[PDB]
Each structure stands twice: as C-alpha cells, then as structure tokens.
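Have a look below at one chain only, the form deposited in one PDB entry, in structure tokens format.
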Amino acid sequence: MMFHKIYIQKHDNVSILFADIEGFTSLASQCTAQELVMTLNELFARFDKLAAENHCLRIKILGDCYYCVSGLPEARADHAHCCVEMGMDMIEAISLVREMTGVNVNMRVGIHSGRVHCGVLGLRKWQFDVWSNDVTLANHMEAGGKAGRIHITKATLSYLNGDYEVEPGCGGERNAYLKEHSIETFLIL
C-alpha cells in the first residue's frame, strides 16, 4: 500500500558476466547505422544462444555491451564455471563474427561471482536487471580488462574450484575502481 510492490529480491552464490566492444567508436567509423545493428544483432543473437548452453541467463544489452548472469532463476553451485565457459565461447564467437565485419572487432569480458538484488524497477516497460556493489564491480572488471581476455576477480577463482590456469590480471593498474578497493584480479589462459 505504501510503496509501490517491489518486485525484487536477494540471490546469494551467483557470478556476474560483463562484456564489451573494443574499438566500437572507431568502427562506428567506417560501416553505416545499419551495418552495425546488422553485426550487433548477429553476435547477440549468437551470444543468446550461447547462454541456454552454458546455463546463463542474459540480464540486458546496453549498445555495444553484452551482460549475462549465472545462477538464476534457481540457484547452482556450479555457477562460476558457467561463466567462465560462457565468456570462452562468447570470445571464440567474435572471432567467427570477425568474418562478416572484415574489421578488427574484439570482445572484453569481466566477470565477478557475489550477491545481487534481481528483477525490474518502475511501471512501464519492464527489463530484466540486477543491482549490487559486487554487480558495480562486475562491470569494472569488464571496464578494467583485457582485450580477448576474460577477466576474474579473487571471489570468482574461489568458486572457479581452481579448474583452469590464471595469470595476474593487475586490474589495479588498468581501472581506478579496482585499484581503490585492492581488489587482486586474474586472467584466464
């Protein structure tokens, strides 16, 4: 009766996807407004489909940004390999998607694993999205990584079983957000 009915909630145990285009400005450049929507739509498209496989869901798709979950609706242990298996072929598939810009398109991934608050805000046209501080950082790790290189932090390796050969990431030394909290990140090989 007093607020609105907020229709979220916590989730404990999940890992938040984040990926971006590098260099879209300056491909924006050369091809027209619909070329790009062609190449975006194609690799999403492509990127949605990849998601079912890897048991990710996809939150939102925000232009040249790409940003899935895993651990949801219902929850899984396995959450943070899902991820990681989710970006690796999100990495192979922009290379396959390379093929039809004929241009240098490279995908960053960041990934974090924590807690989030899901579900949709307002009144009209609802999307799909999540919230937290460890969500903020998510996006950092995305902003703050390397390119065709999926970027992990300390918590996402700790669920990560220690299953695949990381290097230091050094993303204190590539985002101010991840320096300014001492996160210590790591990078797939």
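Next up, the form deposited in another entry, please; the one we just looked at was the form deposited in one PDB entry.
Only a single chain is listed, so you will not see partners or other molecules.
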C-alpha cells in the first residue's frame, strides 16, 4: 500500500481537560533535578489515581502539562461532569502536595467539549494521543485560565446540564486565541 497504516479513529461528544504548572521553568530552575521529579511524581501519581475514580482516561505528561479526556474508550453521556469532578479533585490534591512538600505548585485548569481524533503516530515509541481543533481550544483554555480554578467553555457548559454554579470567565481578555475565535468562557465556583 501507498501510505503507512494509520491507527486513528474519530470520536464525537468528548471532553478534554488540560492542567499546567504555573512558572515551571522558574521553579525547576531553583531546586535540584532530583527534588523536582519527586514533587512531580508525588503529584502526577495522585492525578493518575483520581483519573480512574472520575472515569477519565489520561493521555500524557509533557513535563508540567497534564491532560486527559472523558468519553473514551467507550462513549459516555456523563462526560463533562467527570472532567469537572476530576478538575475539582486535582485542585485539592495540588493543595496537599503544596502543604506536605512546601513547594509553590499552582496549576491552571481548562476544559472544553467537542470531537477528537485519537490513536498513535509514527512507527516508534507509540503513545496514545488526541488531535483536533477542539483539543487545540481546550489547550488554550488552560493558557487563558486562572490559578487554582477550573476554566470552561460555553460548549462544556451545555453538557453540564446546569449542575454547577459558574461566573463570567472573561477568557477573551487573557488569551488571543479565545478572543479571535469569539469564545464565551466561565469559571466554576
């Protein structure tokens, strides 16, 4: 055959959560490389367990960027709630690791819902991943979020069926992508 076999499949109605350490390059620039990894392993191990409880499938860790999706592998109509509950658990977890370790770790959380393409790429070192405009947007919501709070889109609010009290996010004034694409954001209480 002409092209290599592609191991990717499309999935509608899913939710993507992104979490990122604030000022990571600054943080890792201070303490030893040993201490940093202990702080991260302590943090991401808990997240990985909370992911199983909240029905979320973790994707990967990009140093300080943690992200997962809900509604995979098997479709779930309860998706958006899982990611919100998952983000909630993360914020408390970061708080404990801030307490028992003493390190100033703070994360921003962004969430969005839509369609994704998931699978693997290349021939070597396969690592399950997701790609799509919706995944790209979800990523920007994190960049445009606020320290220690969950930032969601209007598309994610419509899947939440009104179970969470939110306030105007104003994500448009903290990230040029969200503004340019006219996205209404919200912050969960």
